[PDB]
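I would like the entire structure built from these sequences, with the hints used as guidance.
Given next are the chains, with one letter for each unit.
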Amino acid sequence: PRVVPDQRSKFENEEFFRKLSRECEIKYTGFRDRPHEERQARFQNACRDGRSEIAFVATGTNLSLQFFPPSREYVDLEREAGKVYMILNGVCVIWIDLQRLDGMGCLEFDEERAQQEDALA
Amino acid sequence: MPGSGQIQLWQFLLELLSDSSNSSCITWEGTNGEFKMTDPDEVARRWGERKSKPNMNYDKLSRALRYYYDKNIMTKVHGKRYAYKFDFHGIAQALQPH
Amino acid sequence: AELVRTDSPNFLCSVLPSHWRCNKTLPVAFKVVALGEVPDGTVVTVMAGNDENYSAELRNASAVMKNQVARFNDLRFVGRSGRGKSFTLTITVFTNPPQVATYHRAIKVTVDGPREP
DNA sequence: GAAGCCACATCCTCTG
DNA sequence: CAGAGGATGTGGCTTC
Ligand SMILES: [Mg+2]
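Protein chains in written order, with this note's numbering: chain C, 167 to 287; chain F, 383 to 480; chain S, 12 to 128.
Keep in mind that the hints were calculated from the coordinates and are not lab data.
Cβ atoms here follow ideal geometry from the backbone N, Cα and C, with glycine treated the same way.
Please note: incorrect hints may appear among the correct ones.
Pair ranges (Cβ atoms, derived) [stated by the list, open to error]:
#1 S:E63 / F:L477: 18 to 28 Å
#2 S:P125 / F:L477: 27 to 37 Å
#3 F:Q390 / C:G271: 38 to 48 Å
#4 C:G271 / S:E63: 15 to 25 Å
#5 F:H471 / C:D215: 35 to 45 Å
#6 S:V122 / F:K435: 13 to 23 Å
#7 C:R200 / S:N84: 22 to 32 Å
#8 C:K193 / F:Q390: 34 to 44 Å
#9 F:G415 / C:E204: 23 to 33 Å
#10 F:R448 / S:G93: 21 to 31 Å
Next up, the structure:
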C-alpha cells in the first residue's frame with residue numbers, strides 16, 4: 167500500500183502532523199557549507215526548476231520538496247517582493263525570503279489526492 | 383580561548399622561535415612568516431617532555447601540524463626539509479570573529 | 012541484517028546504533044527497504060532533522076534503489092545533534108510524487124563514540 | 001559528573 | 001623518506 171486506510175484520522179490524531187499544521191519557523195537546508203551569496207542563487211535557481219530542501223527549524227523535521235503534480239500556483243514570486251510562495255508517512259499533504267533564506271510554512275491535508283489514492287485499493 | 387589555560391603546539395612552538403637560547407633546535411627564516419627545524423627528533427623530545435608523552439617523535443608531532451592546513455593556522459614551504467609557516471591573518475579570525 | 016519500524020509502514024531501514032562518533036564509518040551500512048514496488052533505479056536521499064542545527068552535514072547521503080532495497084555505500088553523520096538530543100532524520104524517495112518516512116530518536120551524534128568513562 | 005567538546009596521540013597508508 | 005591524510009583511541013577541559 168502507498169497510504170494508510172484512515173488517511174484523514176492520522177493527520178488529525180498524530181502529534182507529528184498537528185505540530186506542523188500551524189504556521190512554523192522554516193529555513194533553507196541546501197548547501198550549508200557555502201557563502202551567503204551562492205546559497206541565494208542556488209535556492210532561487212532550484213525554486214524555478216520546481217524543487218528545494220526546507221526544514222521546520224522549531225521541530226527539526228527536514229524535507230525535500232517538488233512543486234509539480236516550471237509551475238504557477240506551486241511556486242509564485244509575485245505575491246510579495248523579496249520572497250516566494252507529497253505522501254508523508256502514508257498521508258497525502260501539501261514562503262521564504264530571497265535575501266535571508268528563511269520564512270514561514272506548514273502542512274495541509276490533501277482531500278483531493280486522499281480520495282484518488284485510497285480508490286487504488 | 384583555551385589556548386591560554388592548556389598548552390597548544392603553535393603556542394608552545396613559538397616559546398622557542400622568539401627565545402634566542404633555543405635557536406639550537408629551530409629559527410625564524412626571513413622577514414616573512416617562516417621557520418626552520420634544526421634537530422627534528424629533539425624538537426619532538428621536548429614536546430613529549432611537556433605533554434608527558436615520552437614515546438613522542440617527529441612523525442607524531444608532525445601529523446598534528448598537517449591538520450593545521452585545513453584550519454588555516456599555518457602552511458608548508460614546499461620541498462624544504464622541515465619548513466612550514468604561520469597564517470596569522472587567520473589566527474585572529476580563529477581567535478576573534480569578523 | 013536487522014530491520015526496524017518507520018513512521019511510514021510502507022518503508023523500513025537499518026538499526027542505526029544509539030550513540031556514534033562525528034563522521035565515522037557506520038558499524039552496519041544503511042539499508043532502506045521498499046515494501047510497495049518501487050522502480051529499481053529511483054534515488055533516495057536523507058536529511059538529519061533536529062531542533063539544534065536543523066540540517067546537519069552528511070556524506071554519501073544519496074543512494075540508488077535496486078531490487079526494492081536502497082543501500083548507502085557508507086553514510087556518515089558530520090553535524091552533531093548535541094547533549095542528549097538525537098536526529099529525526101527525513102528519508103526522501105524521488106518519484107512522481109515523492110514519499111517520505113520520518114524517523115524520530117534515530118542516532119545521537121557527538122565528537123566521541125561512547126567510551127568507558 | 002557524564003556527556004560534549006577539544007586539540008593532539010598513535011597508527012599505518014600511499015605516492016611523488 | 002618526507003609529506004598529506006584517513007581512521008580511531010586519549011586526556012584535559014567546559015557544560016550541562
Ligand atoms: Mg587507513
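Going down the list of hints, with the structure as the test:
A C-beta distance of roughly 25 Å is found between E63 (chain S) and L477 (chain F), which places it inside the suggested range of 18 to 28 Å. For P125 (chain S) paired with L477 (chain F), a C-beta distance near 32 Å keeps the hint of 27 to 37 Å intact. Under the hint 38 to 48 Å, the C-beta atoms of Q390 (chain F) and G271 (chain C), about 45 Å apart, fit the expected range. Between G271 (chain C) and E63 (chain S), the C-beta spacing of about 20 Å keeps the proposed range 15 to 25 Å intact.
The hinted window of 35 to 45 Å between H471 (chain F) and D215 (chain C) holds, with their beta carbons roughly 39 Å apart. Restraint check, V122 (chain S) to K435 (chain F): a C-beta distance of roughly 21 Å satisfies the suggested window 13 to 23 Å. Between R200 (chain C) and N84 (chain S) the beta carbon distance is about 24 Å. The supplied range of 22 to 32 Å therefore holds. At about 35 Å, the beta-carbon gap between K193 (chain C) and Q390 (chain F) stays in the expected band of 34 to 44 Å.
Hint check: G415 (chain F) to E204 (chain C), Cβ distance near 30 Å, so the stated range 23 to 33 Å holds. At roughly 30 Å, the beta-carbon separation of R448 (chain F) and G93 (chain S) lies within the given 21 to 31 Å, and the hint holds.
Violated hints for the displayed structure: none, as all numbered hints are satisfied.
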